[PDB]
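Next up: just one chain, as structure tokens, the form deposited in one PDB entry.
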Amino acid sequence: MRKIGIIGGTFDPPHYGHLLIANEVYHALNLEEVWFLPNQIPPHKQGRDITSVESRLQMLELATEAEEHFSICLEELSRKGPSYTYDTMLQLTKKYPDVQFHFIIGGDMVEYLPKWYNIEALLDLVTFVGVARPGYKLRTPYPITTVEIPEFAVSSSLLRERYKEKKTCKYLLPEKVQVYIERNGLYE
């Protein structure tokens, strides 16, 4: 099953920018499917806070369950420590020898690439697909694939701020995710 997309994330919370870039890359590159890959500990944001894996997982399920071309990969949640993508992609490449993985990143992560653990070796394990994001730019010296989408400036940190400040989040993320955030008072 050759062409598979994988979107790595903290998903804190998941939102329409995640679903948008996943669906757009899926159509653009004729992928068989897209795997959402939630991290246990974000390797670049190790000191911080972040909501439980359990609530992040539940949001992600809510966010993606409608979608049959979407599924959740738990490889990192079954590992201790910071979730380095090179380690994960090593495991998945050997578990799935007949898949060409396309790792999907937004503009801000394309810029941060030079600081990823084992970046140069990672680029040989996987095909990176960068997608534009307002305020970031897709220019990178690394040989990545690029897909054009209708850019959406929603972020997880913006959503967290707005929930705290009691500001509207309508049209920013799935209604099912909104329902769960408000029920459990995450981000207030």
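Residue numbers count along the first chain shown, from 1. Only residues modelled in both forms are compared. So that the term is clear: the rigid core is the largest set of C-alpha atoms that superpose within 1.5 Å between two forms. What changes on going to the form deposited in another entry:
- Rigid-core fit between these two forms: of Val126, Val147, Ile41, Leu60, the one residue whose Cα shifts 2 angstroms or more is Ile41.
- If you fit the rigid core between these two forms, you'll see the Cα of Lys137 move by 2 angstroms or more.
- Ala28: CA moves less than 2 Å between these two forms after rigid-core fitting.
- Shifted segments between these two forms, defined as at least 3 consecutive common residues whose CA atoms all move 2 Å or more after rigid-core fitting, lie at 41-50, 132-138.
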Contents of the next structure:
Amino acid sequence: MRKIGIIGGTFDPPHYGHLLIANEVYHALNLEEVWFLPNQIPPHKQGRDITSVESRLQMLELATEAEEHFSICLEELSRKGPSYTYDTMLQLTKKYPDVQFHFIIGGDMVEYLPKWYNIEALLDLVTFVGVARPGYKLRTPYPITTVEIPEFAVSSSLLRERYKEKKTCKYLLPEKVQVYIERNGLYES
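Mind pulling up the form deposited in another entry next to the form deposited in one PDB entry we just looked at?
Below: the lone chain, stripped of partners and molecules.
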């Protein structure tokens, strides 16, 4: 069974925290590759001006085009939302029976796991990987592999606020992506 890591999120926008995490785990547990899985736009969000899935995908290709081992997984975008990880992993496990999936999660998300949908049944479908700062320890009743990393506390939401507020975004996300964001007016048009 080949080992593949998957990092899910809105990727609105994708950033160095996503890349760093992927790289870190890729090497730490020696994975064949890491797939970036964008989730579907959940209901009741089109009430303001929201980034289309199309742009999130373009920014995601910009961010990962330089890595052969980083791919985009459209499984969740191929269906309606919200995107429950359990439903998703159930389809990916059926599509790739020879793969052991490692679902990568940021240390700050670990506590929220008991609230995920069918998380216990989801535990049979994959192996969770919680990422944490060197020396810190993730707490959870669930079996989870930990990978210590120079964790980068950047997120898509903070980047959205920064752009809306004409704040700095230096070092926060790939250059080819900030270009795409300004050229197209995202979060600050």
